[PDB]
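The chain that follows stands alone, in the form deposited without the ligand, written as structure tokens.
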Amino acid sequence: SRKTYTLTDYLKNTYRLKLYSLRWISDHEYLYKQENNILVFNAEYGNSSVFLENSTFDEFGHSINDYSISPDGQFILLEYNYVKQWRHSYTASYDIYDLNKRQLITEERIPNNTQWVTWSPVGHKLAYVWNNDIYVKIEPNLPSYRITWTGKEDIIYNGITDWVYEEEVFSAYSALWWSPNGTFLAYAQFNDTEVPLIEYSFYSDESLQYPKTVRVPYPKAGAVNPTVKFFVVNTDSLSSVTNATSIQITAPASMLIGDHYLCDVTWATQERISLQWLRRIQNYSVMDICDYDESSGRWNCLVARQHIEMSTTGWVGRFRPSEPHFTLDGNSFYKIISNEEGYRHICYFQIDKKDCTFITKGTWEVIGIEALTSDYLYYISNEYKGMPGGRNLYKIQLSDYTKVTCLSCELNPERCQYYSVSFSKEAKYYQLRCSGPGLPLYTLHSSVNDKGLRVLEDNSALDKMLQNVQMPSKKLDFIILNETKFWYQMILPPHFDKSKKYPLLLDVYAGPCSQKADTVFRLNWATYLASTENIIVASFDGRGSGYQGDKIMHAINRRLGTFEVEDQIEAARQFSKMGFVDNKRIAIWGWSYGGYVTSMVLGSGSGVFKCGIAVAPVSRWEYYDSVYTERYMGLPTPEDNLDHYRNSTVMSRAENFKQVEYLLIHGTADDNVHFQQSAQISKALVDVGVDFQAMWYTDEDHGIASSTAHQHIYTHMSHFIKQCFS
């Protein structure tokens, strides 16, 4: 029969997945951008209109990579001159377009090299960060109001996060939060003054005669962390002659006693904001609820209104404490916390009451709270069919927790077992996004009766195309390690024959709270390996995995590099015993945390694996950042966990690599997992006389995602795997 899914198909993206990215602008309408122009859709009937023609900016004179329409509908923020920084951060130039007078605003424009910009929640106010300082614009064409003056490159950050906060706690560059109606603008300030710098070379274009040395404040495990402060400013009480006044919100006392972090800020009402703080020993977190004092101007956070969230088995939250969802009056809220049984479920709080009431329970977990009406609470969980790798939308009646309704489970159980959702402003309508096991399916629904309004995108075009190619299949199942079940998935070659013995590749990540076994549909390298090369690509979620309760997730607490790598070995051991696996050809590969695990496995001396590839792996935890490492490892001091820090390195296992074929890959400009980590691995291997393969990627970071580097690394890795298996 026809052709298979080739490497070129993957690298050249011959089989494209269609999406349906919409942006709700009201409770009844959403904007649906296209290649050319933006349309506005009526959710109820489905009729649309052109919001603005593609031609509108034919002669803008700049390539626009992104737009942003004020909640007003009145203005359009045009982003261009994009220059990526870290995972989320970047700088760009901005122009505002008046949709009213259809004129491009040319006076008092936003400066170039702006670090961040955001419209207020309602009007058309603007808040942006430039040169590490915050600026507010009440009107697009009016002069800016400077809010901060302490901004200082690599030292003081106002309104934006520093390297570690961007990557580890906020997953964003932005560090500013508008109040609901736009009156107040809250923000955090980070001080990196004494944070050590990581320095590495950047070669740039061939014409650069001397390499440049990049240096960024980066706190490695146990090093000096950046400090943080929080402020709130009334954007309605600013002159044009008076330097704005930011009111600081400090403490709590339980946090100030030592190193700590700001891990969450969520507005409750127009005059109430909630803040969550975490101790450097991410065992203990505290939430403060603060109110604006009218005839005083300051903010007060009544103790008694603060809630403590701690863990005795591990750290707090999956990656960081969950965000609260306040009721209309801000007098109560719902937030996901760990059960007394170790499972994450929704707990209901009264802002001034210590104990909360769990509204959901069971041996499954709530992934997230998606919407909250006065009537219901909508959330996504993996309860359905008891499979932790599945996701479905559910709604629970606030009047009776007994009444929970699954809104996605039965829509199409064969094709859809993994959903994400997007609600309109007042949750009157919602879009469901099915991403597997079948082809992605996007639909619209109305909340009143949960009626399906219509299909938005069903990827029928991709479907027709794929029936002419021998596609691999996916098996999602579990095995049983002493009492507990652990899930795994296998990308099976077309025409799988359980009678035959196939070579197997263990695709691994295995970081804390990770999940590599799910019902998501994917077209990746594994697809090619199975379809064209007839290689089985498996993934296993062992100890340390997430979404299955803390007994499993917290198993590797203070013990990274132990049970999670061991279970990976044990899984392969069980796979090679299912009958369709050639135990003479079992390989393993991983990126990031998976690179670390891959390396630890290859250096375990288990003998189970013939070869393996590690891409940008961590080699010893003292080299990785403080916020992430310490969360699971504690401090690298003899009084705390130094011994295990020293026992879990890859280099200490160098000798065992004599029994395997290892390929080490790393980008030279990796600001996240520093090239240093692989430099130390290679050195320990050389010092022990172990031969291996290596490949550096000049000027590529942790993603090694530039077009050319991407195709090149996957091509290099394909040759390596085939050589090992053929």
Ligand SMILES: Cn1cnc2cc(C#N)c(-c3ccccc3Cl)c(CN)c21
Given for the second form:
There are 2 protein chains.
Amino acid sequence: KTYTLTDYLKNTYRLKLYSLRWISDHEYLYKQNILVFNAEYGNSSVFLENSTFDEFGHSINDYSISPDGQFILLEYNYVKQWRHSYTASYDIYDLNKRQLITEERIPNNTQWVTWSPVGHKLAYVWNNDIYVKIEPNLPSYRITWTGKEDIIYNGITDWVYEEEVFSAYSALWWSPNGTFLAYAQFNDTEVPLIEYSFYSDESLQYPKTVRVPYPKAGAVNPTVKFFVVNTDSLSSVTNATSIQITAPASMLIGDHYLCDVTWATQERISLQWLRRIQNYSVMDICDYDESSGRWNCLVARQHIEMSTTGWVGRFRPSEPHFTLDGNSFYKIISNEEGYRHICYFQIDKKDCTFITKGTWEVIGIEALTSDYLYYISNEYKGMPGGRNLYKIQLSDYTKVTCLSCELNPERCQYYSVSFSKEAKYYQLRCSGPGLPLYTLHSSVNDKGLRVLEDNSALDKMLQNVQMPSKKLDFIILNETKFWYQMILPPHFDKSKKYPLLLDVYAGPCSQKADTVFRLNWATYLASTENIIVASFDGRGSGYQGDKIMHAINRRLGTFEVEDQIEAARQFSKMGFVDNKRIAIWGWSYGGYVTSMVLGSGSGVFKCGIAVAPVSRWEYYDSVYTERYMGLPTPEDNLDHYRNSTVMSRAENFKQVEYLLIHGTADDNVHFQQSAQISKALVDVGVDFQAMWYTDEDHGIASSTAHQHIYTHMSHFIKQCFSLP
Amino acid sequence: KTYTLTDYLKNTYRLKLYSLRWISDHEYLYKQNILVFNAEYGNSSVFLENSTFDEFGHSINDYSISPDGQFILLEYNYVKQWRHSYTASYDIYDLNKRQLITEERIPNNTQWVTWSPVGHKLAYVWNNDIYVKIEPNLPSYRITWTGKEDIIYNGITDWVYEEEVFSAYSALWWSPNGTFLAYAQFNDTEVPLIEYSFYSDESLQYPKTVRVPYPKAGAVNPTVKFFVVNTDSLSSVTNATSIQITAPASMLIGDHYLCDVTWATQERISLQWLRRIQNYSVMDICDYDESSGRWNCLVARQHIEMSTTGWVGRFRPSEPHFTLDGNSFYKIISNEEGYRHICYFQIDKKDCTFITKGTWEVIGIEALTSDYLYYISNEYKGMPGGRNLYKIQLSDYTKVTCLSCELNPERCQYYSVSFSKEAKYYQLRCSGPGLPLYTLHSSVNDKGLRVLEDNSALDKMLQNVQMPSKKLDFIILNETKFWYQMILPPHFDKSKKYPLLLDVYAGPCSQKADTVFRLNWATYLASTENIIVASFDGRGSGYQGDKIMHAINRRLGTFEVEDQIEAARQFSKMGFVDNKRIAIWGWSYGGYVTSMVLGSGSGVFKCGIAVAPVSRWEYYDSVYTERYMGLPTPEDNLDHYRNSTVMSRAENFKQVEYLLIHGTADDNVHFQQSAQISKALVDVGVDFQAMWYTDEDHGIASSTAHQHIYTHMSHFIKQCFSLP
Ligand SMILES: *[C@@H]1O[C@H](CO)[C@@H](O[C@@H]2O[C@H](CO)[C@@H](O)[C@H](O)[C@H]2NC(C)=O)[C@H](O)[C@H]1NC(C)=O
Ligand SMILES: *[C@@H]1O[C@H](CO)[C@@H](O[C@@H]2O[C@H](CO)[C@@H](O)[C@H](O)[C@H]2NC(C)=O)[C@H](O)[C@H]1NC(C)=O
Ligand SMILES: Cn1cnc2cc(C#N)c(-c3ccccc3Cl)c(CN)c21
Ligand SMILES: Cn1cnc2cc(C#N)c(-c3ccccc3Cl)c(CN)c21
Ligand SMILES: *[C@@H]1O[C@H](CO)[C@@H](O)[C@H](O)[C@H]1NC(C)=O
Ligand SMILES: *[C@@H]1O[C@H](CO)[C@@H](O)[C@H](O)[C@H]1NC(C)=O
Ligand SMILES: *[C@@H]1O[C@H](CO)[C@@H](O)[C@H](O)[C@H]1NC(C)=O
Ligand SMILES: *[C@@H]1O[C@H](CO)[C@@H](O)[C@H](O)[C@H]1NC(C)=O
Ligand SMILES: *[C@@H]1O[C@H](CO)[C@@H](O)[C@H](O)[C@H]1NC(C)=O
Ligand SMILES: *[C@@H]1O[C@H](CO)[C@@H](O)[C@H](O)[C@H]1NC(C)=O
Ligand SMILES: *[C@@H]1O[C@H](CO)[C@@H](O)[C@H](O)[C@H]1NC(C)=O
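With the form deposited without the ligand already on screen, would you show the form deposited with the ligand bound?
Let's see the whole complex now, leading with the same chain.
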């Protein structure tokens, strides 16, 4: 038997996780019931019995225990908004007392809640305003009063910062001991609103109009102020006083973005600021002043990170990791050869020294001790698609140890890590190319305590299904390696010719050729429909340095699109490809590239599917779009904006079978984008397939919508390829 | 040769029409430049050489000649709004002086302009206000000052009064000699808004949000006041004093409509008002009082029209045609046997005598003189789907000649008529079954003056081509005779098995079975695809008495739906229908029925298309919906509002191939209705074909949109029927 479309849709084969949340340096919480496990021995004491809130009536969506382990935050009434944002109701359960707190409770529709890093102080955001509870039962002090819906965001992010800057709805940053609460403020007054219909339930007679402050490329942007309030001063009588930290003079000269907040010490905070032309960022180090009551960030302590070849950071300037005293940090930066390596910085000195080097990249700093820095990288075997954990010795940058390489080279080449509070322990998560494998390790000597999850359950029932295999490799192109991957059908015969589907993302810093094991739609097409699903990372892709990544700077819709074609050409020359049956499909950026490719008039692709595609960059949001395209003005880049639309390629669609799918409530890539593609294809008499999804958003994540779309796509694909 | 899909979409075979506009009792206008024709002789002159409005420097959309021949109104910058309404620029050109009037020009963005019936007075509506120009070059007196966009409509209808009441934007009515200007004023303050996205040209960055005041079933309706201004007593120093006529007591007691405005004499106007529950109408006849300067409807001249079996009138109460003295009028009302006939009403008495009877119906009173009454009915050969002109003698009700029946019995069976100003002449318009035929006649002796247009050119072209034939016939069912039509493939073979497309409307008072000749998509399918395309007039269809028409009262989505399914069984068992391959398709009400039929679970239909369907009656407009369904309240009819939705029938769709098409900027049947169907099909896991048309409205009528949809639909049918 094979991995059927149903298998994918109704999760017949589950990848078991071992999600843990470290509560201390010794212990971690697990949701078996909620257990406390001891890292040393693996013994567990039932922390919270499953049916304690059976006496509540509400469905508990999430739990959160205060750092001093005295109270638990209960989240219910979950109503999701955007990618990260949501609304919810909350009850604080006193663990000691063994009962809910009733007076001075947390309001309904709280946008964000977070415990201080130590103790049980609690800050939350209601109606765009910030509130602090020093104690779970006492009243909350009102920090901000300027909060106004769709207009002023205090402690939480507006649409664009949520999506494109912080990957988070939260804009609150406690100091390390919780003395201070730092927060951003967003002004959207003049940001214009994307508007679209919400049809809601059948019972709703007149559809509602949704209106989000959304800046499209070139539009007026949200502005940002940054504040820090002393939570160890809050009067029940006098209004809380918030101290502002203004952006650097070199940021105030025009449109900027606050792009990173990181606490250094108890009285030292770091702020990263980006220009709207995202090739220039400045980091401010801000020290608290007792005899001043304010926050100073010396012009001397500023650190610049810039890029002449493109934009700065992968998606934003990398965050710094400060040594206990906060007089030095490390942050990943592009080096002189354009590879992203760790740099040691001294608070007071302009120049850093790179502590790693080579033709590979540091993915992210993971934990920083007094003896050792722990990082993740793709150095092992020169494979950008793999991930290992490395320990680099602080006193000797030569003494580098791979802590996950050898553990299991055969089934494990893509690791993520989770360190306990003090990094005494770490949990390794390999997620390919064998089944995902979760293991616990003690860092003091790096020996492996025990296997947490190994997926024997999955492993067992799998040898029953004719599963597909992955091939990860590279083609040479202009004397450079470009990595690709293929999900190859079971019993792959290379003398037979196969239909190929190119799975595309190919946005900047994209990586679709990796060592991760996945059970998805591609798995089904390979397993059941015998279709090779191939993916390629061309110019513009990430984790291979700047020469590759920056190649599409100011030129979206050029090379990253040309290389998908080139790759598919190179696949055809690989012997096992039926070049009469080659498809391409992609979502968001992939939708865009797919459409760009399908309209290139190359003749390579018989057909394609574009889900939620960007159609022209002036339609997508400012932060992300301008980061690569600059501004759509005659004095900047308007020419290429004009030149890189899927509309302009409409005439070439006469050569292919197109399937265009979009959700009507997509706040992200607005239905507008597919609406203009269709009008384009209509205006030139191109027949194509379409599909809207009523009230689906960019996710198309509704259980039934997801089931509907993949079935629809499967039918289209099967039909493009003459497959009953 | 066949009638290919291209022939249809590119108008290879054009039907020449003969569009004329009478100007006197003996002359008419016709385009070639503008020509005047003398009806007696046929001798032609040139009224306006086209060589006069190229120096104009704007493309002229239409023209209007003043009833006294002195001036011509030019229409440019036509910008279409709803079915009838549009914005446009106007200039006035002197015909005696031969030059464009340069002073006091009609403002840009005029909503409506109209000459007086005699002379050259000019009434026009700009920014929801009414203005009058006695002389074109003179300044214009402003009649109303209450006008405000989307709220107060003076002299023009709102959305719903345009669509369902007056079938016109215009809400002005000049008295027979231009002395008085009667107008309705509409009030929308409280009408909820339909809001939808309009995306516009690709260069539009943020999509626009169209919002129209739109009363959905049971919603808050517009309110109408009525006025009459004396335009001969206007002065440029005092505001025009508008004399209101109030609706009768029986109408003010609840929500009502102004359904008909008709002048009887220089000093007498008949009003028809309708109750929101559209089964009761009152006709007030109002005389002008000479000393007052006010209007007065006597209760002794009220007239009631009501149905017990459903709603009043075919779609609304018929208009009266008054005798020269306005002491008497003729009106199509339904006789006691359920048949719509011409009744002869005396202004003062209550009962009327029916001057026509029979088990057929009168369609429209076309003209009356002192001696005769000219009407169109479906009497000839007992065919509700045929149309002939008849002449009945006012002095002898048994003296009824048929003016058209035997003119050309074979090609001609569906007539319409245009009489000269004083009805000395009339143009006859034959529509089928043969090639259309336009003829001119003098009514004195009822002889044929000349053949105006006989489509010789078209006849020539069709002699090669294998055109389809049309069978018009009926079937007994519950012992009542129900008509249908089949467009049949050329060389039709009663022993072959043809795929059948059922073409539907089937809404209240419909007729999809007539003798009219069409060069449409059904011609393509029959001619080229050898598909039989049939239409059936079931319960609810018009022009066959109230027994058949009122059958669906308060029960939309029942008998008309069921009678369409039975039609299919009936055809299938005639022996020449491949019962495996029967499809159904419709637009608007047609969409709905189709959708309802595909939800039936009857197993008869293999597929269907629904273009711009109603999905749930609570989504459609009040005036149209409540006419057949009453209010959607628990104490009225909410029950059946809820039973007759396509959504609830979604589980059944697993049995059929469904293509669902809808224009995103559809003001009529809102995209909402389709978005809800799609959602329901998703929630029950039914796969289907969908297609949206960006910015297309209810007609999906833009040149390139229209071609795309029929091409698309052709593929869907072509593959559903397994036709290569
Ligand atoms: C957010 O920014 C907006 C726009 O810059 C501010 O609104 C302006 O405020 C100034 C001074 O109060 C007024 O003179 C203008 O009338 C306002 N302009 C607009 C466009 O409304 C607003 O003050 C800011 N709000 C906060 C809390 O910072
Ligand atoms: C149209 O009707 C509305 C009511 O539907 C009128 O609005 C009312 O106006 C009067 C006088 O100003 C107020 O006393 C009422 O309270 C208003 N009602 C509402 C609901 O607003 C409106 O004035 C009328 N339009 C015109 C100008 O004739
Ligand atoms: C912030 N972020 C995190 N994961 C992301 C994935 C995608 C994609 N595909 C995109 C993206 C790129 C271009 C156009 C539209 C989208 Cl959604 C973004 C950035 N919005 C993402
Ligand atoms: C005013 N008018 C003129 N021709 C019309 C045809 C139809 C149809 N089918 C309808 C109709 C009926 C039900 C649902 C939606 C529509 Cl559009 C109307 C009423 N708008 C029409
Ligand atoms: C685990 O075991 C130790 C000693 O055996 C015990 O003291 C400790 O409380 C346990 N930890 C938990 C919370 O499971
Ligand atoms: C955190 O900083 C505060 C601020 O002055 C200080 O009082 C304290 O030493 C720190 N927290 C503790 C109690 O460890
Ligand atoms: C705090 O400030 C707000 C806004 O200025 C004001 O309305 C409120 O009265 C103040 N409250 C206190 C505690 O003084
Ligand atoms: C038709 O002919 C008559 C005379 O024979 C003439 O008086 C009349 O003007 C003509 N009609 C026109 C304007 O063509
Ligand atoms: C209409 O607008 C055009 C230009 O926008 C102008 O030239 C013309 O005079 C205007 N017409 C009137 C009647 O105001
Ligand atoms: C006419 O009426 C309007 C307000 O209704 C007023 O503004 C205008 O001045 C009036 N003109 C005269 C002459 O009364
Ligand atoms: C039109 O009718 C009015 C009112 O009845 C009358 O006074 C007037 O003389 C008529 N106008 C002409 C000359 O036709």
